[PDB]
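A.B. asks: Residues per chain, in single letters:
There are 6 protein chains.
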Amino acid sequence: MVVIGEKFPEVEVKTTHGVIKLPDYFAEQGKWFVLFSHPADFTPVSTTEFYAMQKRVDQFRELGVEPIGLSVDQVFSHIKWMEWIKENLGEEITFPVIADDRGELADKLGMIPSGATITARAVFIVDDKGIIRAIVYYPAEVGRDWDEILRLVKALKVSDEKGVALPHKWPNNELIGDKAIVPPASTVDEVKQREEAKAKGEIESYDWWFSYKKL
Amino acid sequence: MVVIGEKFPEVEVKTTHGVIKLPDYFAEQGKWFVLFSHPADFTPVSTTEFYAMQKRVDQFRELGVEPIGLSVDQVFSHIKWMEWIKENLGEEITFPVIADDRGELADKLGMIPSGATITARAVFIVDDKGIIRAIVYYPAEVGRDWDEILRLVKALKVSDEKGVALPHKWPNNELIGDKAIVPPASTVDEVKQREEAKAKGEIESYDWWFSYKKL
Amino acid sequence: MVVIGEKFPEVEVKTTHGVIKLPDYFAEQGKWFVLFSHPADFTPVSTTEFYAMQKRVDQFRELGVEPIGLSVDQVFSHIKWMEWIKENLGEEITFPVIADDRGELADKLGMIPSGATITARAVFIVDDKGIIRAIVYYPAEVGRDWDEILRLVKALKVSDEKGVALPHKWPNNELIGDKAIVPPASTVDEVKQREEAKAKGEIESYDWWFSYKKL
Amino acid sequence: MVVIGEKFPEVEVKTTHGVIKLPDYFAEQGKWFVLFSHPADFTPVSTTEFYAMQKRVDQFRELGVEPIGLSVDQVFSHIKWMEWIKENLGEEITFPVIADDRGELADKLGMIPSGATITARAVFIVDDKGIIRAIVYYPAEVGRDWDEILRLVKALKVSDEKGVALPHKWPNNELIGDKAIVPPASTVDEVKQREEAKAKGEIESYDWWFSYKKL
Amino acid sequence: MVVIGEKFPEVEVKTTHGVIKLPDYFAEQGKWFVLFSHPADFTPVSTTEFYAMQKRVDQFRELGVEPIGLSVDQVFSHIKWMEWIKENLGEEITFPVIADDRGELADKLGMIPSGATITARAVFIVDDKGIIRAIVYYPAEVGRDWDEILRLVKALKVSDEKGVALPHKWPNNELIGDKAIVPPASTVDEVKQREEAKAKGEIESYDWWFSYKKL
Amino acid sequence: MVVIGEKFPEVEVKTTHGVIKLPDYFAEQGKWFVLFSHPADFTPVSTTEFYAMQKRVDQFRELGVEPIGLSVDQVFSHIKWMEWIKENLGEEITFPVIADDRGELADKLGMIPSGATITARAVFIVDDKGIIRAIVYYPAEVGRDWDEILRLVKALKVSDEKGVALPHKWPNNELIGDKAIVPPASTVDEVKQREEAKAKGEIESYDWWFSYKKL
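Residue numbers (the UniProt record's numbering), protein chains in the order written: chain G, 1 to 215; chain Y, 1 to 215; chain L, 1 to 215; chain A, 1 to 215; chain U, 1 to 215; chain H, 1 to 215.
Only chain G is shown next, with the shape it has when bound in the complex:
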């Protein structure tokens, strides 16, 4: 078990691209990662999820975000199942995938549902400081929407680079579209600052605690 804000546990993992250390192997290059588990090789929802992830991989990579899978299966199945996707949907898998033996890493991370020994569908966003920024736990029976995660990481990068909070559904927020939110003033002094920034056209606002601006 884990929470948002913790550092990703240091671990060695056997993958399809060889043995690597987490978080370090991504963090040391300044890259983030999205860790996602699925129940098993040669299962149907997962195949749809992998194929969707490969079709999206460069969008993640472009952002300095590396996708990486996990199941409790051995590497030979991982590779045979990647080959099936390449041969039947004509999409080569180029992100690496963890052969988490005996759910060792799955367990440290809370990936295994009640009563099971296999993982469901989990997603961890780990930044390049190795900090877990967000977590998703979806059941076997429901496939993910990778676009939500792409949106999530994008919002996370922008939060970081510009010191802002993103609103519901950004960049299509109902009320303010792709404008970003200013952290609410938490003191009377910070309320003074907001008032000033507004009365000189630097932010818009519905109120002192609710300020926003174009990026």
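Hints listed in this document are in silico derivations from the structure and should not be mistaken for laboratory results.
Check each hint, because a few of them may be wrong.
[To be verified] Pairs of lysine-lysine, BS3-like flavour, derived with a Cα cap of 30 Å:
| no. | chain 1 | residue 1 | chain 2 | residue 2 |
| --- | --- | --- | --- | --- |
| 1 | U | 198 | H | 108 |
| 2 | U | 86 | H | 192 |
| 3 | H | 213 | U | 192 |
| 4 | G | 7 | Y | 108 |
| 5 | G | 55 | Y | 157 |
| 6 | G | 55 | Y | 214 |
| 7 | L | 31 | G | 192 |
| 8 | L | 157 | A | 55 |
| 9 | L | 86 | Y | 86 |
| 10 | G | 86 | Y | 214 |
| 11 | H | 86 | U | 213 |
| 12 | Y | 108 | G | 108 |
| 13 | U | 129 | H | 108 |
| 14 | H | 192 | A | 21 |
| 15 | U | 198 | L | 198 |
| 16 | H | 7 | U | 55 |
| 17 | U | 55 | H | 86 |
| 18 | A | 198 | L | 86 |
| 19 | Y | 14 | A | 21 |
| 20 | G | 80 | Y | 108 |
| 21 | Y | 14 | A | 213 |
| 22 | L | 198 | A | 55 |
| 23 | H | 80 | U | 213 |
| 24 | Y | 7 | G | 108 |
| 25 | A | 129 | Y | 86 |
| 26 | Y | 86 | A | 192 |
[Unchecked claim] The following label-pair restraints were derived from C-beta to C-beta distances:
| no. | chain 1 | residue 1 | chain 2 | residue 2 | range |
| --- | --- | --- | --- | --- | --- |
| 27 | Y | 57 | A | 202 | 44 to 50 Å |
| 28 | G | 9 | Y | 198 | 54 to 60 Å |
| 29 | A | 163 | G | 115 | 23 to 29 Å |
| 30 | G | 58 | Y | 213 | 28 to 34 Å |
| 31 | G | 58 | Y | 17 | 43 to 49 Å |
| 32 | A | 24 | U | 59 | 49 to 55 Å |
| 33 | H | 214 | A | 24 | 31 to 37 Å |
| 34 | L | 59 | G | 161 | 48 to 54 Å |
| 35 | G | 115 | Y | 188 | 24 to 30 Å |
For every residue, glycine included, the Cβ atom is placed at its ideal position computed from N, Cα and C.
Got chain G; can you put chains Y, L, A, U and H on it based on the hints?
C.D. replies: Just chains Y, L, A, U and H now, with coordinates in the frame of chain G:
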């Protein structure tokens, strides 16, 4: 903390619509529920997420899913913040909100990030049996997309009703759009029973372990 | 729990004027403070109590006494509720207010009535040596009279500066008005002194143990 | 020690009017009581506070509130000190006084300041159920104003009788004089029920959470 | 609890002549003391006992013996009760009196009868080496005879200065008046000495173990 | 050890008049007793104190008080020492004497001075209930005055019989000679009942707390 497939803890909560017991009050009625926490009242990303949720309340309610929020503030602030949404954005909020004192329920469900004392942005999908079906943990700095949750509850009701699994991004899957997946065969017998079904026109398939159908 | 004569527990607090350390932040400037709690933001007796306190703040400040509020609510509510007072009673709140998360400070100090998780109406007078000089615990259902406290601190300052005790209701004592009391002689020697001070017009007296004088 | 809303401990006390059991002796009769301690007999501030209390005894008694004092002296000194008040200030004292040996009751109620062995100046308001309704701890050097206590018992009887709360400084509140406050609404339903009541002329209000009325 | 021959416990005491240390304050000046307790101020047998002690104080002082009282009462009562004696029997009290709070010293010394919290009437003779030489415990209901104690201390001083034992009722012994007793011979050698002292007119004797002489 | 108002321990003692059980043997008959220890037989101060006691035996016996002595010697020495008193001073001793082996009873009653193994000179007054009424501890070097003990038992019988207290040096008190004191009033009611009694001629008084009368 909690893991998927566990039971929602029995608990009385003070809400803006009175004291209720969870899961019971919803379960007793056969309603499911989506519990979401946010950090505090009169904060901005939250405001956008509440507005968006209210604009979606009936799309949940039509399904027999009730929304219900949470923050560590007191009910007097909840209602005044609700009234600010009504007066300034012209949406009355008609789902209840838990005033979780001292972060009590928050803690049991592990809603509190590393080093925090208030919640971030968690979602819990709880069915009519009181079973946790899926869990999301978003940080304060990124707002949620409620449309993925609607997608998700919708996928889950359909899985339960039709005995099926749902592909990546269903009902708009890249490979099979709004077709449902059949639980992979897991015995040699069940493979026999897929092959019968295919040549027989009852299901389409990519392989014995990848069979799907229109609903 | 605490008693008169103890030092105020050293604590960091998040307020509306930022994070400060108690007692130090007031003590280091030679200032005293009056710490007062109330149950919640956007509650009625408290609003009357805050408005009365702001209308009195300069009387406290003049004496080197800084008022400071507390409730278990987050700073965003504190500030939104101060704004309501400014807008509806035209009185800006200029004393700071503590967002005591999870009643942490409330508990150290015994502010939380039997069975509750929120504070009632408590008042601590802490001097500039950080010593608690007096304590009041009033229930939710009864509002304070700030004039009694103003009277109290004034009497306390004068006790300190002139080495005297003040009588019932000073400066309108029934029997001696705004005259102050001399500490009763506690030895036969100190009785000699009183006798002398009287038989040369320096104090008045009903008896050797009951001596008083104009200030 | 003790906190508001706890029950007065069952205890036999030797007083100047005999042995009685608290709270019972008052509670059995439906009388409330105000217990106040002072440091010692034949001390000056105390003398002024006793005189003042006697001059107020009937204003308490008319309400069904009985005054009763305490110090760690013995009953022989209490009565002689009482007689000094009668002979020198022309008030007989007609409330009883506890000779609390070895500071016993004093201790349970935490009447004893840091480093002291005798009491300072505490007041306890105890209703007819035996419940501590409010507590004051004044130091030896400052005498009390009994008029605030009369105000306070008076506010408390009225709260109990009329189901209401009382504002800052009631019956002379800066905003509503001697009007009583209605318990803020704490559910969306109760807000409905305030708005009905207002337009309907049953209560006046500043806001749904701030409603008041003439008694 | 204590016995004859023990050193008086080192203790600080608050008295009517100020705070002093026992035994030291008397011992360091070579003075003995008679410590006597009584139950309470403004009680009748005690008043008779104090008045008798003041009328005798110079007889004690002359011998280098300082009288000193104790009760569990505060110093203000001690002094007010001394004033009553001065005003109604015209005898100023000039020995000091201990305000033994909470029977602290009373208890170390066994002064408190079975079932009580107050002292009865006890007397300790402490010499200038701080040694307890004799102890009397009289009940509340019976007043002392100070002449017996005066006789006792006198006999004790003489025992010390001349190396002798005093007989029953000395200086009015039935058999030998104000003659003193020689310590009985405890060896055959010491019997030889007695025989010689007699057969040269230095002691009188009824027997070798029973020898006496004029002082 | 023991304190006043405790019960004499049940104990069988070998005496010069046989084996008896204390307190019973005296109590069973309604007789009180005065127990006195002395250091040893054939010692001088003791001899004088025995002679004096015998000369007083009937003055005790007339009152229903039986004298009874103690030392750590054996009964053969007691009787021979008794016979020395008869032959040399012409008084037969007619009270019994305890041969307390190994200082056993001596120890329970704390008769043994610091560093000693034999008794000094203790007196215990024990009533017919078996209650220790007063205790004296005189050292070996000073003999007792039996006349104070006669005074004392006499005061105690009278206290018990007439419900009163006895003043300093009664029956020859400096202020009221052989008048008895009335238990001070300890309630406001009992003060009323003193004042009635005085003006009414039933008691004389110096003050309400100092009332006395002829028997």
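A.B. asks: If a hint holds in the structure, say so; if it doesn't, say that too.
C.D. replies: Cross-check of the supplied hints:
The straight-line distance between the Cα atoms of residue 198 of chain U and residue 108 of chain H is roughly 41 Å, outside the 30 Å bound, and the hint therefore fails. For the hint linking residue 86 of chain U to residue 192 of chain H, the alpha-carbon distance of about 26 Å falls within 30 Å, and the restraint holds. For the proposed pair residue 213 of chain H and residue 192 of chain U, the alpha carbon gap of about 60 Å is over 30 Å, so the pair is violated. Distance restraint check for residue 7 of chain G and residue 108 of chain Y: the Cα-Cα separation of roughly 21 Å lies within the 30 Å cut-off, and the hinted pair is therefore satisfied.
For a cut-off of 30 Å, the pair hint linking residue 55 of chain G to residue 157 of chain Y stands: about 28 Å separates their Cα positions. Of the supplied pair hints, the one linking residue 55 of chain G and residue 214 of chain Y holds, its CA atoms being roughly 24 Å apart against a limit of 30 Å. Simply put, residue 31 of chain L and residue 192 of chain G have alpha-carbon atoms about 26 Å apart, close enough for the 30 Å limit, and the pair holds. A distance of roughly 28 Å separates the Cα atoms of residue 157 of chain L and residue 55 of chain A; the hinted pair therefore holds under the 30 Å criterion.
Distance check on the hinted pair: residue 86 of chain L and residue 86 of chain Y sit about 21 Å apart at the alpha-carbon level, within 30 Å; holds. Proposed proximity of residue 86 of chain G and residue 214 of chain Y is supported: the alpha carbons are some 25 Å apart, at most 30 Å. The straight-line distance between the Cα atoms of residue 86 of chain H and residue 213 of chain U is roughly 23 Å, inside the 30 Å bound, and the hint therefore holds. With a C-alpha separation of about 19 Å, the suggested pair residue 108 of chain Y and residue 108 of chain G falls inside the 30 Å cut-off, and the hint holds.
Restraint check: the Cα-Cα separation between residue 129 of chain U and residue 108 of chain H comes to about 28 Å, which is no more than 30 Å; the hinted pair holds. With a CA separation close to 23 Å, the supplied pair residue 192 of chain H and residue 21 of chain A stays within the 30 Å bound. Our distance criterion of 30 Å between C-alpha atoms is broken by residue 198 of chain U and residue 198 of chain L, whose separation comes to about 70 Å. Proximity of residue 7 of chain H to residue 55 of chain U is assessed by CA-CA distance (about 37 Å); at most 30 Å being required, the pair is judged violated.
Proximity of residue 55 of chain U to residue 86 of chain H is assessed by CA-CA distance (about 42 Å); at most 30 Å being required, the pair is judged violated. Pair hint residue 198 of chain A plus residue 86 of chain L holds up; C-alpha atoms about 23 Å apart against a cutoff of 30 Å. Distance check on the hinted pair: residue 14 of chain Y and residue 21 of chain A sit about 40 Å apart at the alpha-carbon level, beyond 30 Å; violated. Of the supplied pair hints, the one linking residue 80 of chain G and residue 108 of chain Y is violated, its CA atoms being roughly 41 Å apart against a limit of 30 Å.
Restraint check: the Cα-Cα separation between residue 14 of chain Y and residue 213 of chain A comes to about 27 Å, which is no more than 30 Å; the hinted pair holds. Note on residue 198 of chain L and residue 55 of chain A: the hinted pairing holds, with a Cα-Cα distance of about 29 Å set against a maximum of 30 Å. A C-alpha spacing of about 26 Å is found between residue 80 of chain H and residue 213 of chain U, which places the hinted pair at or below 30 Å, so the restraint holds. Restraint check for residue 7 of chain Y and residue 108 of chain G: the C-alpha separation of about 21 Å stays at or below 30 Å, so the hint holds.
Among the hinted pairs, residue 129 of chain A with residue 86 of chain Y is inconsistent with the structure: their alpha-carbon atoms are about 44 Å apart, more than 30 Å. Distance hint between residue 86 of chain Y and residue 192 of chain A is fulfilled; the C-alpha atoms sit about 15 Å from each other, no more than 30 Å. Look at residue 57 of chain Y against residue 202 of chain A: about 32 Å separates their beta carbons, and that is not inside 44 to 50 Å. Between residue 9 of chain G and residue 198 of chain Y the Cβ separation comes to about 44 Å, which falls outside the hinted range of 54 to 60 Å.
Restraint check, residue 163 of chain A to residue 115 of chain G: a C-beta distance of roughly 52 Å breaks the suggested window 23 to 29 Å. Checked against the hint of 28 to 34 Å, the C-beta distance between residue 58 of chain G and residue 213 of chain Y comes to roughly 33 Å, which is consistent with it. A hinted range of 43 to 49 Å for the beta carbons of residue 58 of chain G and residue 17 of chain Y is consistent with their spacing of about 48 Å. Under the hint 49 to 55 Å, the C-beta atoms of residue 24 of chain A and residue 59 of chain U, about 54 Å apart, fit the expected range.
For residue 214 of chain H and residue 24 of chain A, the Cβ-Cβ distance of about 43 Å falls outside the hinted range of 31 to 37 Å, so the restraint is violated. At about 50 Å, the CB distance of residue 59 of chain L to residue 161 of chain G agrees with the hint of 48 to 54 Å. Separated by about 25 Å at the C-beta atoms, residue 115 of chain G and residue 188 of chain Y satisfy the suggested range of 24 to 30 Å.
Comparing the model with each earlier hint shows violations of hints 1, 3, 15, 16, 17, 19, 20, 25, 27, 28, 29 and 33; every other hint is respected.
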